[PDB]
Structure formats: structure tokens, C-alpha cells
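First comes one chain, alone, set out as C-alpha cells in the form deposited without the partner chain.
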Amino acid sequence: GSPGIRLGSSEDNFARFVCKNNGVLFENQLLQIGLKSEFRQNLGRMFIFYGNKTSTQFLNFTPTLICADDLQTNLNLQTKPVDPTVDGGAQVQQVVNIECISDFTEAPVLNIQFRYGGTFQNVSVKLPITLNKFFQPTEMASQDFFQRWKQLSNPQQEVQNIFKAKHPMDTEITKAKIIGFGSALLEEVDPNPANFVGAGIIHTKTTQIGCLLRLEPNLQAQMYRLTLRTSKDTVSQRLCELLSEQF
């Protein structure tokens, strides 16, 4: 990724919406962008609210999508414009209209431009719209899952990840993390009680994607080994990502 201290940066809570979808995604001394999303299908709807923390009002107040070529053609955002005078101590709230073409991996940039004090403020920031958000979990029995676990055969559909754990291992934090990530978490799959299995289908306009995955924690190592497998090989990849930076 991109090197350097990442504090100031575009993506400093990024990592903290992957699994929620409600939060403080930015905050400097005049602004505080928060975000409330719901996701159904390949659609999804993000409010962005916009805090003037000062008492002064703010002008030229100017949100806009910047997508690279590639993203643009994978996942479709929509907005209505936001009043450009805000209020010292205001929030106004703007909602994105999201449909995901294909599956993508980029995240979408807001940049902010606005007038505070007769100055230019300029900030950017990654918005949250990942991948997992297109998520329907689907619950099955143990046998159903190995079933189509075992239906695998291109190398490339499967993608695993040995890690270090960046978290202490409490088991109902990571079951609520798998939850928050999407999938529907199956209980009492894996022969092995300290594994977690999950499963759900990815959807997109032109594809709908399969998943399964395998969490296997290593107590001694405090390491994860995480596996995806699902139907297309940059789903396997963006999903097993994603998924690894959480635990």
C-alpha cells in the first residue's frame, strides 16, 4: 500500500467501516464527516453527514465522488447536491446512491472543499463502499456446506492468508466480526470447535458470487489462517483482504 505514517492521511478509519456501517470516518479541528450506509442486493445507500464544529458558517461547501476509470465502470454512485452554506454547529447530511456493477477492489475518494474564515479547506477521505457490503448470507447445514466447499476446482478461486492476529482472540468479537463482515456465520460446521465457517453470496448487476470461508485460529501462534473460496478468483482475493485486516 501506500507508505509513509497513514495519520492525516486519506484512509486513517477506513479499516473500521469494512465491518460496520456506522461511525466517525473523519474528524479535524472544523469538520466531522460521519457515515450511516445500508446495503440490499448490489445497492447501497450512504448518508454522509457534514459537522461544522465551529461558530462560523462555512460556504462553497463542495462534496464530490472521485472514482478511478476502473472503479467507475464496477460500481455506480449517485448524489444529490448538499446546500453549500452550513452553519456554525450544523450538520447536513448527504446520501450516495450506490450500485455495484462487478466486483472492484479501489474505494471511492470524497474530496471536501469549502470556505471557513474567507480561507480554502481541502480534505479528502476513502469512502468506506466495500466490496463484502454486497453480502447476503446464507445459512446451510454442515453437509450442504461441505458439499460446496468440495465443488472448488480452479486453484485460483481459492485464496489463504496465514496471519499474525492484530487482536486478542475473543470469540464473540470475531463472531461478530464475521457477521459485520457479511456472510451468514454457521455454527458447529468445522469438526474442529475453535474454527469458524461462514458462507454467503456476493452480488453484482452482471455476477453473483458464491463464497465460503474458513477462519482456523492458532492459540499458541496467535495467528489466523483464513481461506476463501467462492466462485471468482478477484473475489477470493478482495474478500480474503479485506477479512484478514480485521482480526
Given for the second form:
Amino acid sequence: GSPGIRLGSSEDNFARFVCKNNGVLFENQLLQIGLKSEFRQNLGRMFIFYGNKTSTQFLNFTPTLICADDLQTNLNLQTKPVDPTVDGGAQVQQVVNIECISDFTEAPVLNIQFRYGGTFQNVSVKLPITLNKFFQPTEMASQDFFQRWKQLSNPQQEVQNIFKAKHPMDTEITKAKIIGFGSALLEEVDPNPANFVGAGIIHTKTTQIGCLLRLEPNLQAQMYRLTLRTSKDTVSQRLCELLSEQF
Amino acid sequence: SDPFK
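Could you output the structure for the form deposited with the partner chain bound, given that the previous block was the form deposited without the partner chain?
Following is the full complex, with the preceding chain placed first.
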């Protein structure tokens, strides 16, 4: 995507919120931005916490959400304004309500502008609202999983990515990551015990996409073969892109 | 053997 060093960028900590909903998204010497999200069906609720790290009160504290044209048609975001005055040492909360319309790839950008000590401060950070947040885990017996896996005929609906692992292959962490990703983590479906099989329905207003995922660790090459088989080619592609960056 | 193909 964007070339150049990603430090002090709009996506420094973006990847950290694909499988978890709580934590600090951004922090400079004046402001700390924390998050707490909750999702259900094709909806979500993201609490954004703005902490004033100084002994001085912030003014004109202004957070705004920015979405590209395509993203607009696939994702709907709503939020109530927060008080523009933030006491030094104080923390203020903002709630963002989410509704997924259709599968999407782009991410919303949160822009924050405010005054401190009489100076204009500007921050832009990508908000971690990703397609997987709208997963309904679907537990199912092995037999049912394979029947569904073999119902795929359109080659474009299958997307495979073979990539190098970025983190250790710590089983419980990977399980937590997959569970955190959203789908159900089906136990004992793939005869290969090292493989992870997930099944879920990506819920969007306009279409429910049945998703089956197979994550095949390659311990030696420290790579994974991720296969997404879903009822929609673009969903297969995006879920593949996202999950790929997580291991 | 492998139910994935």
C-alpha cells in the first residue's frame, strides 16, 4: 500500500485491534486514545477514550471520522460528540455505533484536532473496524463443515495466501487470535491437528457470507497457508488479507 | 484420506 516508514503514521497500532477490542490505539505527548469495542450481528459499539496527559486543559477537542467513497457504501458509523474541553489529567469518552452494510476493505480514519498551550494539534489514525468484527461464530460438527467446504464452485471465491509468520506459533495465542478474529474455532475438524479450522457467518445488512477458513501452519518455513472459502470472492480476499497479517 | 480435496 503506502511506501515509507510506518512510525508516527496513521496506522502505527492498527493491526493490534483486528483480533481484540480493548487497548490504546494512539498516544503522543499530549494525548492518549484508548478503545473498548463490542460487536453483535452486523453491529458494533466502539468506546473511544481520550486521556489528557498534561496538567493543562485541552480546548476545541474535535474527533471526526473519515471514510473513502467505496467504504461509505459498505460501512455506516454513528457517534455522539464529546465535550471539547478536557481537563489536564482527565479522560473523556466517545461512543461510536457501527453497522456493516456489505463487505468492505478500507478502514475509517479518525481525525483529532485540538488546542494545547495555544497551539493547533492534529492527529489522524485509522480506526480498527474490520470485516471480521461482524462474525457470528458457527459451531458445527466436522461432517457439516466439509459438506459446506465442498459446495464452492466459483474459483474466485477461494483465496489462498502463503506468507511468512511474523509472530511465534504459540498455540493458545493463535487460538485466542482466531477466536478474537471472530469465527468459531472448530475443534477436531481438519485431520491435521496443527491446522485451525474456523467457521462463521460474516454478517452484513445486505448479505450473510458463509465463511470457512483453514489456517495451515508450516512450522519449518515459519509460514502459513491461509485458505478462505466463502460465498463471496471479495470477502474471501479481504478476510484473507486481514487474517494473514495476524500471525 | 484428506477431506479437504
